[PDB]
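S.K.: Chain by chain, the residues:
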Amino acid sequence: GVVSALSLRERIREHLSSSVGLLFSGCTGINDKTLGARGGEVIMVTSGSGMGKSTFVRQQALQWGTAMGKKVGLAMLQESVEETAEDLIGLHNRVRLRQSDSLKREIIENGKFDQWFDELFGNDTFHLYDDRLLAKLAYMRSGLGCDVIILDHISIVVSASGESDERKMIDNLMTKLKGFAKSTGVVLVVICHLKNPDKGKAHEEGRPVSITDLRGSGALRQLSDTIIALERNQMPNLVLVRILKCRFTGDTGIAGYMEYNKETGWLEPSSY
Amino acid sequence: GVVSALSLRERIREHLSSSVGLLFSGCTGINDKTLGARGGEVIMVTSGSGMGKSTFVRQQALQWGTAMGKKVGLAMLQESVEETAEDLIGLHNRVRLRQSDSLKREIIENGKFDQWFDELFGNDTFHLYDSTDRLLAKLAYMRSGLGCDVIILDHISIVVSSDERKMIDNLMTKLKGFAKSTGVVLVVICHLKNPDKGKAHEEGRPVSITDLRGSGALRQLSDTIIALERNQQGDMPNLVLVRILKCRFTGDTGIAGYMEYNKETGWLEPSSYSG
Amino acid sequence: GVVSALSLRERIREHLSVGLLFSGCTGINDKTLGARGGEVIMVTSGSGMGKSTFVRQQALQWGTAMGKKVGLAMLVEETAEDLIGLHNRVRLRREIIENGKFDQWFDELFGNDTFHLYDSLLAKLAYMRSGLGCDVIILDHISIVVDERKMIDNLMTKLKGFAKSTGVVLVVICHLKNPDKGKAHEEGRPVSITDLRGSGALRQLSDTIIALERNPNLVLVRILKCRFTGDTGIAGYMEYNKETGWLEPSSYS
Amino acid sequence: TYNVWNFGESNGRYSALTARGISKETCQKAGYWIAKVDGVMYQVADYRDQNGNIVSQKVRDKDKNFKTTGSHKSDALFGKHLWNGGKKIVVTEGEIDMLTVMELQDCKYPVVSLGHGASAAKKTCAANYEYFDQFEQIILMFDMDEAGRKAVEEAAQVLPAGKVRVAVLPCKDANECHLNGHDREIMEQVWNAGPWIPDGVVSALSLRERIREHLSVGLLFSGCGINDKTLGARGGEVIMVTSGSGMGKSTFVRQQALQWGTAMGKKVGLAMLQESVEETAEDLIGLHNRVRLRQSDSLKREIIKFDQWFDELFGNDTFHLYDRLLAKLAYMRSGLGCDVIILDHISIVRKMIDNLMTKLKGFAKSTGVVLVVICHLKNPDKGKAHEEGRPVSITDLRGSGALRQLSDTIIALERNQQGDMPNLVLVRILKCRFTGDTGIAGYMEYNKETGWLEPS
Amino acid sequence: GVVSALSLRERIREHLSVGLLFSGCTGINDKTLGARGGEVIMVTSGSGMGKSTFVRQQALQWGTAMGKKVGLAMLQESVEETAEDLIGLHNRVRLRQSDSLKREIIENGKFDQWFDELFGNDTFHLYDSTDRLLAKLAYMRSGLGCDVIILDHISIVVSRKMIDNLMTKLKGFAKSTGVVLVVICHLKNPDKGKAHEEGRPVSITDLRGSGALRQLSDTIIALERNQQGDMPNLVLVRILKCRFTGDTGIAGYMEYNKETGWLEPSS
Ligand SMILES: Cc1cn([C@H]2C[C@H](O)[C@@H](COP(=O)(O)OP(=O)(O)OP(=O)(O)O)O2)c(=O)[nH]c1=O
Ligand SMILES: Cc1cn([C@H]2C[C@H](O)[C@@H](COP(=O)(O)OP(=O)(O)OP(=O)(O)O)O2)c(=O)[nH]c1=O
Ligand SMILES: Cc1cn([C@H]2C[C@H](O)[C@@H](COP(=O)(O)OP(=O)(O)OP(=O)(O)O)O2)c(=O)[nH]c1=O
Ligand SMILES: Cc1cn([C@H]2C[C@H](O)[C@@H](COP(=O)(O)OP(=O)(O)OP(=O)(O)O)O2)c(=O)[nH]c1=O
Ligand SMILES: [Mg+2]
Ligand SMILES: [Mg+2]
Ligand SMILES: [Mg+2]
Ligand SMILES: [Mg+2]
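One line per chain: the protein sequences are C, B, A, F and D, in this order. Numbers 264 to 281, 284 to 395, 403 to 506, 510 to 547, taken from the deposited numbering, label the letters of the first sequence in order. Numbers 264 to 281, 284 to 396, 402 to 431, 436 to 549, taken from the deposited numbering, label the letters of the second sequence in order. Numbers 264 to 280, 285 to 342, 346 to 363, 370 to 396, 405 to 430, 437 to 505, 511 to 548, taken from the deposited numbering, label the letters of the third sequence in order. Numbers 65 to 280, 285 to 292, 294 to 373, 377 to 395, 404 to 429, 439 to 545, taken from the deposited numbering, label the letters of the fourth sequence in order. Numbers 264 to 280, 285 to 396, 402 to 431, 439 to 546, taken from the deposited numbering, label the letters of the fifth sequence in order.
Relax, there's no trap hidden among the hints.
Computed cross-link-like contacts, SDA-like style, restricted to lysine to any residue with a CA-CA straight-line distance of at most 20 Å:
1) F:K137 to F:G181
2) C:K473 to B:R487
3) C:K471 to D:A474
4) B:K450 to C:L405
5) F:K131 to F:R112
6) C:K448 to C:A407
FYI, nobody ran anything at the bench for these hints, they're computed from the structure.
Assemble the whole structure, with the sequences as input and the hints as a guide.
M.R.: So this is what it looks like as C-alpha cells:
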C-alpha cells in the first residue's frame with residue numbers, strides 16, 4: 264500500500280549508485298541541453314511531412330547500436346523489414362544502397378555483401394518487427417532484453433483501429449505506454465506528426481513550429497519528457516533542431532544546425 | 264512475430280535482386298528526380314478542377330499497358346466502362362473519338378473497328394471496373415486473382431461520401451496497408467480545396483502541399499505527390515507545369531518540366547518552354 | 264463487378280449507335300456540343316439577374332420541338351400559368373377566361389403530354413425517370429433543399451450517382467456568393483469559377499458550368520468548365536425583350 | 065403443425081362454398097379443401113413452389129384461427145404455381161378473394177394472391193421482385209379500409225414502376241360485391257384502373273380544370294396575413310404552435326380562444342395544464358375589457377360591478393375549462417359539442442410521444458374537431474438562441490422527431506427579447522398541407538398596456 | 264434530520280473557537300489569506316511550466332518549518348526521484364541534475380547526514396503506484417493523521440461523468456475529514472492565438488475534461504511564463520477565484536534562480 268519515508272534509505276542509496286548517459290549524435294547542443302536520453306523517459310521526435318523524421322532516428326539507432334553495444338529494438342511500421350534493414354547496410358558503409366542499382370549488382374557480384382553483413386549483425390544488437405503490439409514490446413523488453421525501443425509513426429496505431437472516439441483512445445494508449453516505460457525502465461523514442469495550420473506558410477516551407485501543433489490529442493505534450501522538433505525549408512539542406520520542452524532540465528530553444536550529405540546520407544554538424 | 268538479426272540473411276539477399286522501377290511518359294523531367302515507381306508505392310495526383318488529371322493518368326495507363334506489358338487495373342468511378350474504353354481506343358489511334366460524330370459513323374461502316382479493338386485488348390492486359403469495405407475486397411481480387419501490377423483509383427471523394439476526417443484517414447490507412455506487403459503500384463487521384471485570398475487555382479496559382487482537401491492525412495501516407503497546373507484564361511491554355519511536392523525515396527522537390535497539350539490528337543507532348 | 268477487356272466486344276458497338288442542342292444563343296453549341304447521357308449542367312447568375320428565365324426557355328424549346336419529356340422540380347399551377355403565358359408571347363405577371377381560348381392554349385401545349393411537374405426526394409425522381417420515362421430533369425433552388439457543407443456534398447454525390455448509368459440530362463440551378471471588394475455582381479463584374487457558394491464540391495462533380503451576367512438589358516453567357524471539350528470563355532450575347540419576355544439572340548461586338 | 069396433412073390421413077374431400085360464393089371447380093383448380101380431424105371440420109389451403117411441390121398448408125377453423133404446418137417461406141404465393149407468365153395479373157389481399165376472382169373470370173386470367181395480408185405485405189412483395197419481371201401489368205385489389213390504403217401506399221416502393229395500376233371497390237373486398245350482385249362493376253375495375261401518382265408527381269395533362277380552379285375559408289385568425298396564406302383553420306386539422314420559452318404561446322392561443330367564443334359563437338373547450346383554473350378566467354376577463362387585470366393590485370379590489381363583467385362574457389355556456405385525458409377530450413367533443421380543443425403542454429403528458446400523437450391523430454380523424462397542440466423546441470448547439478431572433482427550422486421539434494409527420498400546420502413566433510424593442514413579433518408558417526406555401530406571414534406588436542396583439 | 268436555528272448556539276460557540288501560509292511571493296498570502304482546512308486547491312499551468320516544482324517547494328516549506336504531517340501522492344513519477352529532489356532542494360544543491368556530485372556524497376559518508384535532517388521525524392509519507405485511490409487517501413487521513421494531501425496528476429486517474444463524480448467524492452472527503460487538499464490539473468488546447476507556453480494569460484475556461492473543476496474547488500492558482508522570450512524564468516502568479524476573500528488577479532512575480540532551485544520573489 265503506502266510507503267513510509269523513513270524505511271527508504273536503502274532504495275535511495277542503491278538508486279543513485281548507478284542510470285544516466287546515453288548521448289545523442291549529429292549535433293552538440295542537444296547533448297548540451299537535454300543531456301542525453303534516460304531510462305524511463307519518452308522522447309518524442311516531430312517533423313513536417315517528409316522532412317527527415319525517419320533518417321535522423323535510424324542514424325541515432327546506428328550510433329547507439331554499434332558504438333555502445335546496446336541492444337536496440339525497432340518497431341518500424343512505415344516500411345517492411347526488408348527496407349529498414351537494407352538502409353543500415355548502406356549507411357554504415359557511407360553509401361546509398363537502396364537508391365542505386367549499380368552498387369546493388371556490384372555487391373551481388375563480388376561477394377562483398379557477406380562482409381558487409383557480418384560486420385554489423387554479428388552481435389545481437391538489432392531486433393526488428395513487422403494490444404497485439406504492446407505484448408510484443410513487453411516481450412522485447414523481458415525475453416530479448418532491449419535497451420532502446422523505437423516506436424515509429426504513431427498515426428497508424430490510432431487510426432488503424434476502429435474506435436468511435438479517437439482522442440480517448442490516444443490518451444489511453446499514451447498513458448499505458450508511459451506506464452510501461454516507467455515500470456520497465458527502458459528508453460523509448462516515439463515518432464508522431466503535425467497538424468494543418470490555419471493561415472500563413474506551411475511547415476514544409478519554413479514555419480516556426482509551436483508546441484500546440486501536435487496532431488491527434490493534447491496529451492502528447494503532457495506525458496512526454498523531451499520534445500525534439502526538426503525544421504528545414506525546400510538552402511534546401513539546412514535543418515535546425517528545436518527543443519520544445521524538457522522536464523529534467525530547464526533550458527529550451529534552438530539547439531544548433533545540421534546538414535544532410537546527399538552522397539552518403541549522414542547528418543553532419545554545420546556552423547551557419 | 265518478432266524477427267531476429269540472423270534470419271535476415273537470405274530474405275535481404277532475395278529482395279536485393281527481386284524493385285524495378287516503372288518509367289513515366291509525357292515528360293522526362295519527372296524520371297530524373299522520382300526514379301519511377303516500385304512495389305509498395307502510393308502516387309497521389311492532384312490539380313485544380315478540370316486541369317487534366319484524368320488525361321495524364323489515362324496516358325500513363327496506356328503507355329504502361331501497350332508498351333511494357335504490365336497488367337493494368339482501373340477503378341474509374343468518375344465515368345463508366347464504355348466511355349473509358351472509347352477513350353483508350355481513340356487515344357491509341359491518335360484521334361479524339363468522343364468529339365467527332367463523323368469519325369464514329371465512318372469507322373463502324375468500313376469494318377476497321379475490329380482492327381482498332383483487337384490490337385489493344387487482344388493481349389488482355391487491361392481490366393476495368395463496373396460501378402468502403404467491398405471496394406478493398408474487389409481490389410484484392412483484382413490483384414491476387416488476376417495478377418495486375420498497377421492499380422488506379424480516380425476521384426477518392428466518392429468513397430468517403436458522419437465525419438469525413440476519420441473516414442478518409444481509415445481509408446488511406448487501409449490503402450497503405452494494401453500497398454504494403456503486396457508489391458503493387460497504387461495511383462490515387464484527388465482534388466484541392468478552395469483558396470482563401472487572391473486568384474484561384476484554375477487561373478494559374480502555384481499550389482502548396484497543404485491544399486489537398488479532406489484532411490491532412492493524405493500527404494502523411496503518400497509516397498509521391500504530383501501536382502499539375504495550367505492557366506485557362508491566359509495566353510497559352512495548353513501549357514502545363516508539373517511540380518513534385520513530396521518524394522520520400524529520393525528527396526528532390528520542385529518543378530519537373532513543362533509539357534504541351536495537343537487539341538487535335540488528344541496526346542500531350544514534352545515541350546521546350548523556358549521560365 | 265470486375266469486367267475484363269474481352270467482354271466489351273459488342274457493348275462498345277451498341278454505345279456508338285446523342286446530342287441535345289441549346290436554343291437562344293447559337294454560340295454555346297460551338298464549344299460544348301450540347302449535352303449527352305450523364306450530363307450535369309450547373310447554371311448560375313446573380314441575385315435575380317436572368318436566373319430562372321433561360322432554363323425555362325430551354326425547357327420549352329426542348330419540350331415542344333424535339334419531343335423530349337422535361338420534368339421540372341421547381342421550388346404547381348404557377349409554373350404552368352407561366353409556361354402558358356410564355357409560349358403565347360404575353361406578359362402574364370382575365371380576358372382568356374371569357375372567350376374560351378384558354379382551352380385552345382391548353383390543347384396545343386400539353387396535348388402531346390411530354391411535360392411533367394413536381395408537387396410541393406430522390407425516390408420520386410427515380411420514379412419520374414424510370415416509370416414515366418423522361419430524359420431531361422431540371423432542379424431549381426438547391427439552397428432551399430440544404437452544417438451546410440456535408441449535406442450539399444452528399445447531395446451532389448447522390449445526384450451524380452443518379453445521373454450515372456441512367457442516361458439523363460440533369461440541369462441544376464444554384465446561387466453565387468456575395469462579393470467583398472470592388473464592384474458587385476449586379477453591376478457587371480466578371481464571375482470566377484470559385485464564386486459558387488455553399489461548398490467547393492459543386493465544380494468537382496458538374497460537367498458544364500454556365501454563368502449569366504447583366505447590368511441595361513444585354514446579357515453575357517460565359518462557359519466556365521467543360522469536361523467534354525475544354526473551351527471556356529464568352530459564348531455570345533443575348534438581348535431581353537421587355538414586352539414579350541422572350542430574350543433573343545443578338546450580335547453585339 | 066406436425067406434418068403436411070395428407071388427404072388420406074385426414075379424410076380430404078373437395079366441395080363447394082355455399083355461404084361464401086365459391087363453387088367446387090375453383091377450389092379443385094386451386095387446392096382448397098376441408099379435412100375431418102379432431103371432430104371439428106378444418107378448412108385448409110395448399111401452397112406450392114415454382115416447381116409444383118407441396119410445401120405449406122394453411123389451416124383455419126370455424127372460429128378464424130391460424131395454424132401453419134411448419135416453416136412458412138416468404139416467396140410462397142397462393143396461386144403462384146399454376147401461372148408462369150402473362151400480360152395482366154390481379155393481386156388480392158386474401159385467399160377467398162382470389163377464388164372469387166377465378167370464379168368471376170372463368171379461370172382465364174393469371175390471378176395470384178398474398179400469403180400474409182396487409183400486415184406483412186412488404187416482406188412478401190420485396191423478396192418477390194424477380195417473379196414480377198415476366199409480367200406486363202399488375203392490378204392491385206386491396207380492401208376499402210385504412211390498412212388496405214396503408215398497404216397500397218407502402219407497396220409503392222417494392223413493385224416495378226410504370227406497370228402497376230390500382231382499382232377501387234365499394235364493398236370491403238371482392239367477396240361482398242360478389243354476394244351483393246356487383247358482378248358488372250368488378251370487371252370494369254379489373255380492365256380499367258388508375259395509375260399510382262405517389263404524392264408528388266403531377267402530370268401536365270391533369271391540369272385541364274385545376275388551373276381554371278386556380279383562376280377562379286374556415287376559422288379565421290386574429291392579428292394581421295396568416296389567414297391570407299394558410300386559408301384559416303379547417304375541421305380535422307392539428308395546429309401546432311412552437312416557440313421559445315417566454316415568446317408568448319399562451320397569450321397568442323388565449324387571444325385565439327377569446328375571438329372564437331365571442332364572435333363566431335362556437336363552443337370552445339379549454340385545457341390549461343401550465344396553470345390553475347382561477348387564473349385563466351381572470352386573464353380572459355382582463356383581455357376582453359381592454360384593461361390588464363392580473364398585474365394591478367388596486368384594480369383587483371376596486372371593482373369588487378364584477379358580476380356584470382362576468383356575465384357579459386361568461387353569460388352563455390360557451391367556454392368549458394378543465395382542471404386518461406383522451407376520455408376527457410372525447411366527452412368535450414361528444415357530450416358538450418365543442419368545436420375547438422386546446423392542449424397547452426404535451427411534454428408533461439420516445440415511445441410515449443409517438444403513441445400519444447397517433448392516438449390524437451386518430452381522435453381528430455374520427456371526430457373532426459379543430460385541435461391546437463402546443464409544444465416546445467430543442468436546444469441549439471451553435472449560434473444564438475431562439476429568443477434573440479433566430480428563425481425556427483422544422484427539424485427542431487422537442488421529442489422523438491415525429492411531431493411534424495402527423496401534424497397539418499405549424500406556426501412559429503420570433504422576437505428579440507434582449508434587444509432594442511421586445512414588442513414586435515414575426516410569424517412564420519413552417520408547413521401547410523392544403524395551401525403549401527410557407528414563410529413570413531406578418532408583423533404584430535404586443536401593446537403592453539392592453540394585451541391585444543394588434544397588427545402593424 | 265433537519266436542525267432548527269435556535270438550538271444551535273453550542274455548535275456555533277465551539278466552531279469559532285488565518286491558516287497555512289504559502290511560500291514564494293508575499294502577495295499570495297496577502298490576497299487569499301493562505302490555505303484553510305477543508306478547501307480544495309487547484310494549481311494550473313501549461314505543459315512543463317513548473318507545476319510539480321512549486322507544489323514541491325510548498326510541501327518542503329510545510330513539512331519542515333511548520334512540522335505538519337504532509338502526504339504526497341506522486342502518481343506521475345516514482346518515489347526515489349521526488350525523494351532525491353527533496354533532499355537536494357533542502358540542501359540548496361541541485362542534486363538530480365549533476366553527475367559529478369551524486370557519486371561524491373555517497374563515498375564521503377555525509378549522505379545519511381543529509382538524509383536524517385528532513386526524514387528524521389515520521390513526517391513525510393509517499394504513495395506508490402480506480403477506487404483504491406480514495407481508500408488509500410482515507411488510510412493516509414485516518415491511520416497517519418496527515419494535514420496536507422497533495423495529488424500530482426488528476427488526468428491519469430481518468431481511465439465526463441467520471442470527473443464530476445470523482446470531484447464530488449474528493450470534495451466530500453475533504454469536507455468530512457477536514458484535511459487540506461491540493462490537486463494538480465492541466466490546461467486545454469486553445470484554438471486561436473498564441474499558446475500558453477509563450478505567455479498567454481490563462482482564463483478560467485481552460486480546464487481539461489469537464490467544466491465542474493472550477494465549480495467545486497475553493498481557489499485556483501495559475502502560473503504563466505514566457506518560454507521563448509527574453510527571460511524564461513520570470514513567472515506570474517494569478518489568483519482566479521477565492522470564496523473567502525474575493526479579490527482576484529495578478530498576485531506577484533517569482534524568479535527561478537537556476538543554480539539553487541528556489542522560487543524566490545522579485546520586483
Ligand atoms: C533530412 C533530409 C532529408 N532529405 C531527403 C532524403 C531522404 O531520403 C528523404 C526522406 O527520407 P525520410 O527520412 O524517410 O523522410 P520522413 O521520415 O520525414 O517521411 P514521412 O514524414 O512521410 O514519414 O528526404 C533532404 O533532402 N534534406 C534533408 O535535410
Ligand atoms: C491536359 C489538358 C486537357 N484539356 C481539356 C481536354 C480534356 O478533354 C478536358 C478535361 O480533361 P480531364 O482530364 O477529364 O479533366 P479533370 O479530370 O481534371 O476534371 P475533373 O476534376 O472534373 O475530374 O480538358 C485542356 O484544355 N488543356 C490541357 O492541358
Ligand atoms: C409575446 C409577448 C408576450 N409578453 C408577455 C405576455 C406574458 O405575460 C409574458 C410571457 O408570455 P407567455 O404567453 O405567458 O409565455 P408561455 O407561458 O406561453 O411560455 P412557456 O409555456 O413555454 O413557458 O410576456 C410581452 O410582454 N410582449 C410580447 O410581445
Ligand atoms: C518553474 C520553472 C521550472 N523550470 C524547469 C526547471 C525544472 O527542473 C523543470 C521541472 O519541470 P516541472 O516542474 O516538472 O514541469 P510541470 O510539472 O509543470 O509539467 P509536467 O509534469 O506535466 O511535465 O522545469 C524552468 O526552467 N523555469 C521555471 O521557471
Ligand atoms: Mg518516415
Ligand atoms: Mg477527372
Ligand atoms: Mg405557456
Ligand atoms: Mg509534474
